[PDB]
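So this first bit is one chain, no partners, the form deposited without its partner chain, shown in C-alpha cells.
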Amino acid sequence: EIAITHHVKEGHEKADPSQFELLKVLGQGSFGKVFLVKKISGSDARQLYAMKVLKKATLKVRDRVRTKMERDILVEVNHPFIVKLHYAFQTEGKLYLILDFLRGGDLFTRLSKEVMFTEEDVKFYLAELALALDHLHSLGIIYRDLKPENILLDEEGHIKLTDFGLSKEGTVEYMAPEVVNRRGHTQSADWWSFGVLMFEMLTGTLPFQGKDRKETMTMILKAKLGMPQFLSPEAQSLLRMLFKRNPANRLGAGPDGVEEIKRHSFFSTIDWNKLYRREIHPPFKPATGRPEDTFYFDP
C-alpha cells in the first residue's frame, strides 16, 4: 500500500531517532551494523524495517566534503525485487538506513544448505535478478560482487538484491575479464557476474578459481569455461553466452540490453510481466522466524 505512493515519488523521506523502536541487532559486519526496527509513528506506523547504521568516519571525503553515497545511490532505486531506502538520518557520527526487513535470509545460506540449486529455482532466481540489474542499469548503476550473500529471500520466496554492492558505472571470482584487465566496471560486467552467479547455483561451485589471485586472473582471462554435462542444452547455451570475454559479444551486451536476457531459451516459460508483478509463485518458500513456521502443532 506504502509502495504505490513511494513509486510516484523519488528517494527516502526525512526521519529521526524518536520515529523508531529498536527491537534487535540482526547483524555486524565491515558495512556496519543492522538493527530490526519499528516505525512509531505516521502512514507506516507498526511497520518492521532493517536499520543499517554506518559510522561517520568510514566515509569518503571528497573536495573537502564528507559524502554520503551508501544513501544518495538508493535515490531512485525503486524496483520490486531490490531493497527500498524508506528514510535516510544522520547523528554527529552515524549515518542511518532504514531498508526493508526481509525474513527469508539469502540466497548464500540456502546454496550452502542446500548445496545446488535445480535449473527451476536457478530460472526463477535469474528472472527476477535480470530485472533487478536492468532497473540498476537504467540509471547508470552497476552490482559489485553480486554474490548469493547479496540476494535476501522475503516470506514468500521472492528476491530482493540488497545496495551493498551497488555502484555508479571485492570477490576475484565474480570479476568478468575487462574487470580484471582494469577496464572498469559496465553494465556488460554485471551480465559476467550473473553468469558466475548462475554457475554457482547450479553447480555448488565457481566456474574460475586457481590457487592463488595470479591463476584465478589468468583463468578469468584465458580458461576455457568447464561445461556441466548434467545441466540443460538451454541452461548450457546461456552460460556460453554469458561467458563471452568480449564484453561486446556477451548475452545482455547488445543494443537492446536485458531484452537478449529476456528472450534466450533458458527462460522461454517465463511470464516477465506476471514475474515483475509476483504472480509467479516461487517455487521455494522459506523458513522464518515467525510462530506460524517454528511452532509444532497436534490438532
Given for the second form:
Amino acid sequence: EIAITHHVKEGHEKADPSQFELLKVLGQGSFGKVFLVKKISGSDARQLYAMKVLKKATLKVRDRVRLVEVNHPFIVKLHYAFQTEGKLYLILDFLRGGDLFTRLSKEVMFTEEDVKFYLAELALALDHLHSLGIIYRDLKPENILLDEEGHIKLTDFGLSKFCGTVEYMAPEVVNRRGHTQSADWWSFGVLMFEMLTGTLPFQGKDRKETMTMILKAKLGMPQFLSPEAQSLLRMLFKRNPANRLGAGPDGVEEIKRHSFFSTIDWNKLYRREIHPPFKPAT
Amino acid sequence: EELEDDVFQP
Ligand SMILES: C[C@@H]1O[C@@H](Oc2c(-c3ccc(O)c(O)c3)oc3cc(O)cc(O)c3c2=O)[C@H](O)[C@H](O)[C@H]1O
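The form deposited without its partner chain done, now the form deposited with its partner chain bound:
Whole complex next, starting from this chain.
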C-alpha cells in the first residue's frame, strides 16, 4: 500500500468531502483519476485543488517542528487529507501536465548539467520545507514530480510503500537514535548518486544489509563524475551530521556555494528563468 | 554513531 505522511501546519483544521465541490475529473496520466475541486469554506474557499481518492493508503499526520503562506516554485503541497468512508482523500495543488521524475530517469539519462538543474531546484524546495518546519527523513525520487514546463515539483508530503525507504535514509535516521534536518541533505546526496550514476549508493538484498551499508560501507567514488560532483558527494555523504554539508546555520547556503552549483544563478532559478533541460509534452 | 564519517574511500 501507499503511505502518505502529511506535514500539517499548526492550527490547520481538518476538511470534509462536502466542503469541496467537483468541477472536472481528468486523467493526468501517471497521476491517474484526478478530481478538480474548489473549496466552499475557510481561507482557501474558492481555490481550485486537485483531489485524489485512494483506497489503500495510510495517513500519518506529522506536525512541523517550527506567519506568511507562499507558493514555492518547486514544491507541490498537500493542503488537506481526510479518511472518510474507508477511502483516503488527498487535497493537493493542481499540477497541470505534471509527470513523475522517475519516468524521465528511466527514459533519458541526465548530464551533470541536467542533474545540477534538478538538484538545484530540489535544494531550494527542501530548504523551503525545512524553513517551514518539515524534516523529510526519507526524501526519495518518488517524492519528486515535474510540472508542465519541466521544473521540479517536490511533494511537501511523505510517500512510501515509520515506513520509509531505507536506501535514502541517513545513518542517524537508520540508527533510530535521533535526527535533524541535516538527515535530509544526506538523502539529497543519495539522489545525486542515483541521478548521476543510475544506481543507488547503498543497496543490499535485504533491509538489514542495506542498513548496514549506510552505517558501515566504504564507497568507491564513481570517477566519471566531475571533480565538483565528487566533492559534493564526499561532503554530503558524511555519517556524522555535524560534519555534513548543510548542517550548519546557513543550511542550504553551504550547498548552494559548492563548486558543483557554481553555474547556477539561484535567483534566476527561483524566478523560473532558467529553462529546464527537458520540456514535457505540450 | 562511532562510524566512519567519510563514506567514499580516500
Ligand atoms: C498519491 C498519488 O496520487 C496520484 O499521483 C499524484 C502525485 C504523485 C506524487 C508522487 C508520486 O511518486 C506519484 O507516483 C504520484 O502527486 C500529485 C501532486 C499534486 O500536487 C496533485 C496531484 O493530483 C498528484 C497526483 O495525482 C497517483 O494516483 C499516485 O499513484 C498516487 O501515489
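Positions refer to the first chain, counted from 1. Rigid core (definition): largest C-alpha set, two forms, superposition within 1.5 Å.
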Residue among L129, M201, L97, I220 whose Cα moves 2 Å or more between these two forms, once the rigid core is superposed: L97
Is_shifted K9 between these two forms (CA, 2 Å cut-off, rigid core): yes
Did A176 shift 2 Å or more between these two forms, C-alpha, core superposed: no
